[PDB]
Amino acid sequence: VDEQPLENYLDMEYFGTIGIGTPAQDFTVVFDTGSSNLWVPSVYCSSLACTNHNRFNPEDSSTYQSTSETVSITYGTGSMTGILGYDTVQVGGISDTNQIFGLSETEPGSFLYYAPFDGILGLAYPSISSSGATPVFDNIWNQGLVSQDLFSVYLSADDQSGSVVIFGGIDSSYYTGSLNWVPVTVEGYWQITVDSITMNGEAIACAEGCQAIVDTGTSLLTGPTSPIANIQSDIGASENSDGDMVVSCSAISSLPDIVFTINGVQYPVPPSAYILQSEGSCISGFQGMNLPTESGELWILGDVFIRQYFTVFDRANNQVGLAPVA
């Protein structure tokens, strides 16, 4: 339909190029199902990270409209501060007219200095948008620019090309079998219930349900530190000298699958997925991290999981669709 190709950066970041302004100034942004704002750096920004990324210049856009509204976004690791503007955004072949977006003035610290993308384009619900800014996909829907109120994500493996976000449609050739549907529990993130996590038929974690977010913007499978510790020992991972969670590469042949049961359907994740090969080394794809929400402790099904399952994000019916990648 309307395809946006993404680049696979070392199986860790997925980003694509969008246009802003008339004529379009180009940025690479993370397609982030774990946040809702669009922002890019601007000529108003002198922070470290602003020295080596593309900077939007409002003056070169004949369609740019300013506001007197400000935005702050705090992230996993980075943060920005800036102002809100309107312009036309080219995303996935679509002219998304009248799009509110963040222009940064400050991008503190240094995490964003090393990142390979300029900014971020969130695909979650408007309720977690900073300064209630209309998210991109919401704007495209309200202007009737897609025929279906959903989008799809195929994430490729092993540095390959082919990763894609499909706005307003599903393409069958990216998956095997048929879609199963999981209702979204709390509308903000793409939040779903996991019924349990098992290995060899035993519940190693989340034995009686837990909450997870389907997040294209996080690289690894993430959970609360304690149950992650149990999982790390079950796969024979170990802290080494410099903190990293290493596993012997022999293991990939003999470890059982780790199965996420979601809405009564089992989704196996094989060791070739949840163990990452840095060629010389094999590290665990599971990471400990306590995220306190009202929901309590959140799991994050990140790129490790999404690579195994073509994911449909259905805003009409508030549900997530999953099926094995082809």
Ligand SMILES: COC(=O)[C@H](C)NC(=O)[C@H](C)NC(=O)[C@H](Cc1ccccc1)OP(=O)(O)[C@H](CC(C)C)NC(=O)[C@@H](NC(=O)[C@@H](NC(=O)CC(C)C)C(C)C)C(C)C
Contents of the next structure:
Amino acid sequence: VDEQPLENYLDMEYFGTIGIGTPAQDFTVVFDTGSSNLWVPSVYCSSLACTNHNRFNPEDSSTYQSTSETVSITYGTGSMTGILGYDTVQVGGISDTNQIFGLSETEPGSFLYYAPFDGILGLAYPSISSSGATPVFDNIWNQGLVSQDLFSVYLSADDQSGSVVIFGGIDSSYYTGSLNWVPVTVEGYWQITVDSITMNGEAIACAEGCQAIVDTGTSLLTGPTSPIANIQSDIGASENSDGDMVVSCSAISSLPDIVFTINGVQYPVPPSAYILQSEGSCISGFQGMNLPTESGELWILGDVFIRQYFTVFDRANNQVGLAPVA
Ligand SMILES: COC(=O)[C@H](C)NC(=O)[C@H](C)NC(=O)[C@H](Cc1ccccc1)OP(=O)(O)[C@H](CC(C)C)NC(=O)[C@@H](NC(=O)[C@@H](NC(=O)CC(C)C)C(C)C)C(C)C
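Structure of the form solved in complex with the named molecule, please, following the form solved without the named molecule?
Whole complex next, starting from this chain.
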């Protein structure tokens, strides 16, 4: 029953409306499985990005509780500092009482200024949460507000309406077949093993396995810079004059699927998904980024992947469920 509709912005970002405070002040937030903190802009913020986004006003809420603690969060794209406070967060028809969240003080740079969302609602594990702030979903579960300690995500394609986050439930209308269950390797991000990445029965990357995260907040398929450089040559991407990694739109019809094998099951990504149409030209859905951790350099299975596969995030059993979208 507890669905939260998400707006699809150019197949790059997905965000939904939440209410904070009594009475509710409305904000748009990216529902991000790559991070664990909830924050919104506030009146304490004087950064450029704070001036053109909705700002939380503590004085207007009858249920706001202040702390003396701060938070500092750095993302791949964007960063914030803020102060932690407690209030009621309305999300997915759930009144999430006594929720700790960040009230931004600084949001430096161009990225957050141009972004259509106000904040981020992190959906990963408490262990990666800045200042050890209780994530939203952990607080919902701890208060017995859902019955099933899971949430599932359907992300629409080609700017269509219909993207949803389902709290404490699955909807089998969104997928075909049955869910394939994959164990989380490390409890931080929603981290899994990718057995191999193949094209025409040949391993193009991750020949003996690699570590990947299932990240709703990342647009593209990202990996370490050297394996990605190989994937770019394999799909005929050339580096254009303006910074982009471009492919001829004509070529989509002749390229093979890139197959991600996960727990001995094949998950093909077609060239109509991994080659993106952005602003007249066609671009590679692969991005080179080095994200070093103690399990290796991480791959990100971003929105390119998730659009193809309905994704269930099971906290009861520490597993990810995958099935092809209907
Ligand atoms: C504890 O460890 C850490 O603290 C490190 C410093 N940071 C993190 O873990 C933080 C919380 N998470 C993170 O930083 C993780 C990635 C990550 C995963 C493991 C280790 C390192 C990074 O990214 P998120 O998904 O939360 C973020 C959400 C955005 C802002 C809406 N997305 C990102 O920052 C990614 N940005 C995007 O994909 C943006 N789009 C693009 O840049 C694509 C462009 C339009 C071609 C978004 C507008 C969709 C980049 C990674 C490309």
